[PDB]
Amino acid sequence: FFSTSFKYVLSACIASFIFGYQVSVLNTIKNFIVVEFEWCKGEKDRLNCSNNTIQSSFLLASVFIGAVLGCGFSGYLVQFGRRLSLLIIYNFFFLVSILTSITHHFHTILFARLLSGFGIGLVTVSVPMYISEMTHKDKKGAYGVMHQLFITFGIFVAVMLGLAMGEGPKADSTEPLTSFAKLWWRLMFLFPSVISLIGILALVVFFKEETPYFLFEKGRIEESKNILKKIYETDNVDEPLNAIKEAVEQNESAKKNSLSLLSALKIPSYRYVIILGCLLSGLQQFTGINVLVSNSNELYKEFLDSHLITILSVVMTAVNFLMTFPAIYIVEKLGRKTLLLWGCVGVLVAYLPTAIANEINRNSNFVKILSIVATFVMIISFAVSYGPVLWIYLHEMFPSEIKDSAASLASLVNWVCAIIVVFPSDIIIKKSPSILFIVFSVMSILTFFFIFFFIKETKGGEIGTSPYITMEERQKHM
Amino acid sequence: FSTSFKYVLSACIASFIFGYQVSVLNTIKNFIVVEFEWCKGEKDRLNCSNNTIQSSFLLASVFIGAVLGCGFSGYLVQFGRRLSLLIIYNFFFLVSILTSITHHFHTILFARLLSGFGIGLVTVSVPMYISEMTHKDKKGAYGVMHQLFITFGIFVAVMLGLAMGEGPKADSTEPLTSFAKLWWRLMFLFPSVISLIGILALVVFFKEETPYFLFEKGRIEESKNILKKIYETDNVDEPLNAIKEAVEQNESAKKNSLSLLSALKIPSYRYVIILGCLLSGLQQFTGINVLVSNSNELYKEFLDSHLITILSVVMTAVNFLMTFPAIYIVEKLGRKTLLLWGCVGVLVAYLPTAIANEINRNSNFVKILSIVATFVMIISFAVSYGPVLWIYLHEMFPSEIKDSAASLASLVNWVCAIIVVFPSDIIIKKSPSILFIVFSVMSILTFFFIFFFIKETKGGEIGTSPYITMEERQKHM
Ligand SMILES: CCCCCCCCCO[C@@H]1O[C@H](CO)[C@@H](O)[C@H](O)[C@H]1O
Ligand SMILES: CCCCCCCCCO[C@@H]1O[C@H](CO)[C@@H](O)[C@H](O)[C@H]1O
Ligand SMILES: CCCCCCCCCO[C@@H]1O[C@H](CO)[C@@H](O)[C@H](O)[C@H]1O
Ligand SMILES: CCCCCCCCCO[C@@H]1O[C@H](CO)[C@@H](O)[C@H](O)[C@H]1O
Ligand SMILES: CCCCCCCCCO[C@@H]1O[C@H](CO)[C@@H](O)[C@H](O)[C@H]1O
Ligand SMILES: CCCCCCCCCO[C@@H]1O[C@H](CO)[C@@H](O)[C@H](O)[C@H]1O
Ligand SMILES: CCCCCCCCCO[C@@H]1O[C@H](CO)[C@@H](O)[C@H](O)[C@H]1O
Ligand SMILES: CCCCCCCCCO[C@@H]1O[C@H](CO)[C@@H](O)[C@H](O)[C@H]1O
Ligand SMILES: OC[C@H]1O[C@H](CO)[C@@H](O)[C@@H]1O
Ligand SMILES: OC[C@H]1O[C@H](CO)[C@@H](O)[C@@H]1O
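So the protein lines, in turn, are chains B and A.
The first sequence begins at 22 in the deposited numbering and counts up one residue at a time.
The second sequence begins at 23 in the deposited numbering and counts up one residue at a time.
Pulled out of the complex, with its shape left as it was, chain B reads as follows:
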């Protein structure tokens, strides 16, 4: 259904779109910066050299480290508001897009990409929590899948705009880049400025209210009543205010007992749910998803040419975008634990045979075809499950007293594990893919058993509840 809840969640999905677009737009056009910026002007080949590898590694380290920092600071910025965080995100990305688009050196664009990763880190926490507190509880997951839905649409859009370009600068060539190339790569960088302005317009014109949970939590009880009546489309909103009123009584009880996130870590009951979130969020990167997102080109560069890789990237990202839709219906109909475990199964289906085949014959044609299609398996499984479900889960698994802080910590762990996985995986897939893919298979099975034994279902809960800490296991202790 397209309700008021849906309009507001969509308002936040613009920040989600900027998330995805900034994740992938660098990789879309990086050959053209390598040529234009003359990173390899001393070697025979202009797209591949020592200098390019070094600096292009840093241009990803920027995104990931800035996302670590941005998720860390999202915990203290959301303290001062959710809708505020969306306006900060939009106003921030507007300027960072401008700067990225006007840089003429590796340092300025490294700075701009680190700022862009900080924006990513803000979005990761801000948008899913906003959707968590701005939605009908029955539809928390359906609309939380919209977060990842629009992230994926951002990636797909970034890939689609690059095809308006010339689809390659000759590497062996000494030919300067086309004027339209030199322009459209900067224009692609700047497009998110327009998108940011659109988000700001939508926030300031139509969707002015903040989340009912927050307003009730900060004393403005009648503004809570108003915006909750507006997301629920009725004057009768007793039960959601009961959810919010009890969760907020819990927040202030905990703050009376001085239960900061660190103090809760000295409490076992809270520490268990916290570390469960940390591990579920850090394991999302052990799929190698950003090994494929960052090095979508570098992986298949051994056995494929430019045209097929263009088409591959397009259909890969489009399949990614189209497989998030089913998750909208699955996350709610089945449950989150269910879809998560099915995702593990899909990723194992993908990785184990590539490991086996590479162990048989790395240089096999069957191995190359199998690599292509196993990649698509990983994508179809990731897009319909873990992707959406993690950001849905993290803002439903935590008690109200540490709901916001714990979510930011888990998102920080997500980006830190991205650092852990992506950068060594591109060393190992170069050396021995069998080691890599057997590790990812074992991680699929390990994560499966972890989720099966420890991870509990979270569908349908009111705001500020956890299946890990009952009500009495948290008020009296906190």
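Quick caveat, the hints were computed from the structure, so don't treat them as lab data.
The C-beta atom is built at its ideal place from N, Cα and C for all residues, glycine as well.
Just so you know, not all the hints are guaranteed correct.
Claimed, not checked - If you anchor each label on the Cβ, the simulated ranges turn out as follows: (1) A:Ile330 - B:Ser200: 39 to 45 Å; (2) B:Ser24 - A:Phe101: 29 to 35 Å; (3) A:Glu494 - B:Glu270: 44 to 50 Å; (4) B:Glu483 - A:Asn278: 38 to 44 Å; (5) A:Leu282 - B:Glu270: 46 to 52 Å; (6) B:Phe470 - A:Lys203: 54 to 60 Å; (7) B:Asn247 - A:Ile219: 41 to 47 Å; (8) A:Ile219 - B:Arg383: 42 to 48 Å; (9) B:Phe475 - A:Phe227: 43 to 49 Å.
What the hints assert, rightly or not - Below, a list of computed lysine-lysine pairs in the BS3-like style, where the Cα atoms sit at most 30 Å apart: (10) B:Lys160 - B:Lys287; (11) B:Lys239 - A:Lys229; (12) A:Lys229 - B:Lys287; (13) B:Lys65 - A:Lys389; (14) A:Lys203 - A:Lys229; (15) A:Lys246 - B:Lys277; (16) B:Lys203 - A:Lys239; (17) B:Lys246 - A:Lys277; (18) A:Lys322 - A:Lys266; (19) A:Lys277 - B:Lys239; (20) B:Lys239 - A:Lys389; (21) B:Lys250 - A:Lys203; (22) B:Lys239 - A:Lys358; (23) B:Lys229 - A:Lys250; (24) A:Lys452 - B:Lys266; (25) B:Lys229 - A:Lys287; (26) B:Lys251 - A:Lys266; (27) A:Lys239 - B:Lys277; (28) A:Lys250 - A:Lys266; (29) B:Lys250 - A:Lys276; (30) B:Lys277 - A:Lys229; (31) A:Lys389 - B:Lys229; (32) A:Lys246 - B:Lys239; (33) A:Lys158 - B:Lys239; (34) A:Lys158 - A:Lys65; (35) B:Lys203 - A:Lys246; (36) A:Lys229 - B:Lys276; (37) A:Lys203 - B:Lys51; (38) B:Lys354 - B:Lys480; (39) B:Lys28 - B:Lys287; (40) A:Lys277 - B:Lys251.
Assemble the complex: chain B is given as a structure, and chain A with the ligands must be docked to it using the hints.
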């Protein structure tokens, strides 16, 4: 050097960064011109048309950013004064970082645009913070600290550029020294370290907000606490009542929906608003920013490179030394007196030079007269108009529009900088007699405007203005 002094110095670190970011670009610009190679397609590597165009753009970006920063600081300060200082510090930390690593005209232009945004934030936030963290009897004396450290920042900026050689020759082609390629980025970055120092100072010792704002927003007991902290005495009910009346006038004004534009329709408020705008913008018609912005362009014609070095150093040092006497005089004499004497001084500086250029444009003594007249103008501005304006704008408004109108006037100052400096940069190139006679006419006009319209504001309680009286503020619609 009371507690109020500690708090105002905490705010004056931002004033230091203000001045530094203002003159640091101009101090080392030759070096960037050589690195970025804006004029390499000619025989002369420092002087060409493209340099003129892009340098004018860099200065205009700073000015436009200051306009935007003051206008936005009006809306920012309602969320906090010390908050404005924090946002400014973080902002300039990262802007100094970016300014330091720029390698193109566009990135450094964008960097200076943001630097000007922070400039405009400071221009409004810092004088207000000092206005509300000090004794009502010492608002002016501590308000000079703002401009005192501003001038100190310009002095530091010019001083550090001397550690360089100033050997990016116009006739040479020799590549810049490694230390030279390093030091101007280090100078752009130094305000990052200074921003860190300021953030530290604010967050550790000077945690409390201003009493006026705290009472404006409900924290009455914390208003009392920080009031007793700055005043070093607990029974300070009189400042609390000044705040109570100003804040009650604020709440009653918002009750009738008094925004700045709503006050513009009531003549009572519109009068003091346009007085503020005019007094604030008239500070720029002294030609002070024509000299600060185009310091080298004025004396490159009759002065050599080393001679420009010493002249800039000593006039900037004089600016800084002569901002000190205002600290005592603003409180001993008042603002109107010191303003009128400043107009006198500026006329003494310009009018002899104006007539002298018509006497003999190419006179050996006209150059000497211009040097002495420059120092007369510098001394005149630094001790009076410079310090006094930002003191005046945060005492002359009723509290219903105190912050909003203060921000509007501080904005107008920067708009007038644009209206003056660039037409001045073009006119002084043609006929200094006309420009100096116009600046002298402006001295006379400013003198009479201040003389007839501008009232004394010393000793007024916070939220008090000599233009609108307490019962007049009540005048029901
Ligand atoms: C977050 C972004 C930070 C990027 C800058 C990190 C420090 C890089 C060291 O300085 C570099 O030294 C080179 C000569 O040695 C110069 O060619 C180059 O211009 C300069 O930048
Ligand atoms: C206490 C919370 C109230 C703040 C929200 C009020 C409505 C939205 C205002 O957002 C505006 O977005 C612009 C982006 O261009 C900013 O430039 C501008 O400064 C800011 O005012
Ligand atoms: C409140 C005191 C701190 C609790 C310490 C954490 C260990 C107890 C948590 O129970 C867990 O329940 C799961 C059922 O879903 C089991 O599968 C799992 O084996 C078990 O560990
Ligand atoms: C879920 C994983 C999705 C991975 C998608 C990452 C996209 C980055 C791949 O860059 C590709 O480089 C080519 C030139 O080299 C371009 O022609 C092409 O447009 C672009 O797509
Ligand atoms: C985290 C990985 C994301 C899924 C990608 C699946 C396999 C990608 C193909 O890899 C490439 O093909 C051969 C193996 O198939 C190797 O010989 C080659 O060195 C490797 O670069
Ligand atoms: C109150 C008036 C303040 C005016 C100060 C303006 C400073 C900018 C002038 O540039 C000067 O040019 C030289 C090379 O061009 C530099 O070496 C020198 O350090 C610098 O000072
Ligand atoms: C890149 C350098 C690191 C930037 C970090 C910015 C400083 C954190 C924000 O400041 C804090 O805001 C609170 C407002 O309530 C105050 O309570 C507290 O005293 C103050 O310290
Ligand atoms: C904002 C102005 C500050 C005070 C003015 C005095 C210092 C500048 C002097 O001007 C310069 O010296 C001669 C004027 O006597 C002219 O020959 C020359 O064309 C002119 O460029
Ligand atoms: O969907 C692809 C992206 O989503 C994840 C976060 O949800 C990122 O790590 C990944 O690059
Ligand atoms: O030191 C003089 C400076 O003060 C004025 C602001 O009051 C600036 O324009 C000028 O650079």
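Outcome of the hint check:
1. Distance hint check for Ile330 of chain A and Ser200 of chain B: the Cβ-Cβ separation is about 42 Å, which falls inside the suggested range of 39 to 45 Å.
2. A beta carbon spacing of about 33 Å between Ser24 of chain B and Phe101 of chain A agrees with the range 29 to 35 Å that was offered as a hint.
3. Checking the proposed 44 to 50 Å range against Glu494 of chain A and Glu270 of chain B shows it holds: the Cβ atoms sit about 49 Å from each other.
4. Under the hint 38 to 44 Å, the C-beta atoms of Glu483 of chain B and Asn278 of chain A, about 43 Å apart, fit the expected range.
5. Separated by about 41 Å at the C-beta atoms, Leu282 of chain A and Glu270 of chain B break the suggested range of 46 to 52 Å.
6. Taking 54 to 60 Å as the suggested C-beta distance range, the pair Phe470 of chain B and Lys203 of chain A conforms, at roughly 58 Å.
7. The given range of 41 to 47 Å is respected by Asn247 of chain B and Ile219 of chain A, whose C-beta atoms sit roughly 45 Å from each other.
8. The hint said 42 to 48 Å for the Cβ distance between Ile219 of chain A and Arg383 of chain B, and at roughly 57 Å that hint is violated.
9. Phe475 of chain B and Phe227 of chain A have their C-beta atoms about 47 Å apart, which keeps the hinted 43 to 49 Å range intact.
10. With a C-alpha separation of about 34 Å, the suggested pairing of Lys160 of chain B with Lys287 of chain B is violated against the 30 Å cut-off.
11. This hinted pair checks out: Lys239 of chain B and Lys229 of chain A have alpha carbons roughly 22 Å apart, not beyond 30 Å.
12. Pair hint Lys229 of chain A plus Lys287 of chain B holds up; C-alpha atoms about 29 Å apart against a cutoff of 30 Å.
13. With a C-alpha separation of about 59 Å, the suggested pairing of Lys65 of chain B with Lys389 of chain A is violated against the 30 Å cut-off.
14. The suggested pairing of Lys203 of chain A with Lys229 of chain A is violated, with an alpha-carbon distance near 40 Å, which exceeds 30 Å.
15. A hinted pair counts as satisfied when its Cα atoms are at most 30 Å apart, and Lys246 of chain A with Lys277 of chain B qualifies at roughly 25 Å.
16. Distance restraint check for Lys203 of chain B and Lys239 of chain A: the Cα-Cα separation of roughly 52 Å exceeds the 30 Å cut-off, and the hinted pair is therefore not satisfied.
17. With a C-alpha separation of about 24 Å, the suggested pair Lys246 of chain B and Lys277 of chain A falls inside the 30 Å cut-off, and the hint holds.
18. With a C-alpha separation of about 56 Å, the suggested pairing of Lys322 of chain A with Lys266 of chain A is violated against the 30 Å cut-off.
19. A distance of roughly 23 Å separates the Cα atoms of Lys277 of chain A and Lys239 of chain B; the hinted pair therefore holds under the 30 Å criterion.
20. Annotation: proposed proximity of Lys239 of chain B to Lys389 of chain A is violated, straight-line Cα distance about 67 Å (limit 30 Å).
21. Restraint check for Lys250 of chain B and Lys203 of chain A: the C-alpha separation of about 62 Å exceeds 30 Å, so the hint is violated.
22. The suggested pairing of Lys239 of chain B with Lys358 of chain A is violated, with an alpha-carbon distance near 47 Å, which exceeds 30 Å.
23. Restraint check for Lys229 of chain B and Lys250 of chain A: not satisfied, since their Cα atoms lie roughly 39 Å apart, outside the 30 Å limit.
24. With a CA separation close to 73 Å, the supplied pair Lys452 of chain A and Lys266 of chain B exceeds the 30 Å bound.
25. With a CA separation close to 29 Å, the supplied pair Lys229 of chain B and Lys287 of chain A stays within the 30 Å bound.
26. Using a Cα cut-off of 30 Å, the hinted pair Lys251 of chain B and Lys266 of chain A is violated, with the two alpha carbons roughly 38 Å apart.
27. Restraint check for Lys239 of chain A and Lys277 of chain B: satisfied, since their Cα atoms lie roughly 24 Å apart, inside the 30 Å limit.
28. For the proposed pair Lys250 of chain A and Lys266 of chain A, the alpha carbon gap of about 15 Å is at most 30 Å, so the pair holds.
29. At most 30 Å may separate the alpha-carbon atoms for a hinted pair to count; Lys250 of chain B and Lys276 of chain A meet this at roughly 28 Å.
30. Between the alpha carbons of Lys277 of chain B and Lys229 of chain A the distance comes to roughly 22 Å, so the proposed pair stays at or under 30 Å and holds.
31. The hinted pair formed by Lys389 of chain A and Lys229 of chain B fails the criterion: a straight-line CA distance of about 62 Å is larger than 30 Å.
32. For the given pair, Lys246 of chain A sits about 24 Å from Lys239 of chain B by alpha-carbon distance, which is consistent with the 30 Å threshold.
33. Distance check on the hinted pair: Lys158 of chain A and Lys239 of chain B sit about 35 Å apart at the alpha-carbon level, beyond 30 Å; violated.
34. With a CA separation close to 60 Å, the supplied pair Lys158 of chain A and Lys65 of chain A exceeds the 30 Å bound.
35. With a C-alpha separation of about 61 Å, the suggested pair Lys203 of chain B and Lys246 of chain A falls outside the 30 Å cut-off, and the hint is violated.
36. For the suggested pair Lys229 of chain A and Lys276 of chain B, the alpha carbons sit about 21 Å apart, so the restraint of at most 30 Å is met.
37. Of the supplied pair hints, the one linking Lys203 of chain A and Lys51 of chain B holds, its CA atoms being roughly 28 Å apart against a limit of 30 Å.
38. Annotation: proposed proximity of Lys354 of chain B to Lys480 of chain B holds, straight-line Cα distance about 9 Å (limit 30 Å).
39. The straight-line distance between the Cα atoms of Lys28 of chain B and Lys287 of chain B is roughly 41 Å, outside the 30 Å bound, and the hint therefore fails.
40. For a cut-off of 30 Å, the pair hint linking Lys277 of chain A to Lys251 of chain B stands: about 27 Å separates their Cα positions.
In summary, the structure is inconsistent with hints 5, 8, 10, 13, 14, 16, 18, 20, 21, 22, 23, 24, 26, 31, 33, 34, 35, 39 from the numbered list given earlier, while agreeing with the others.
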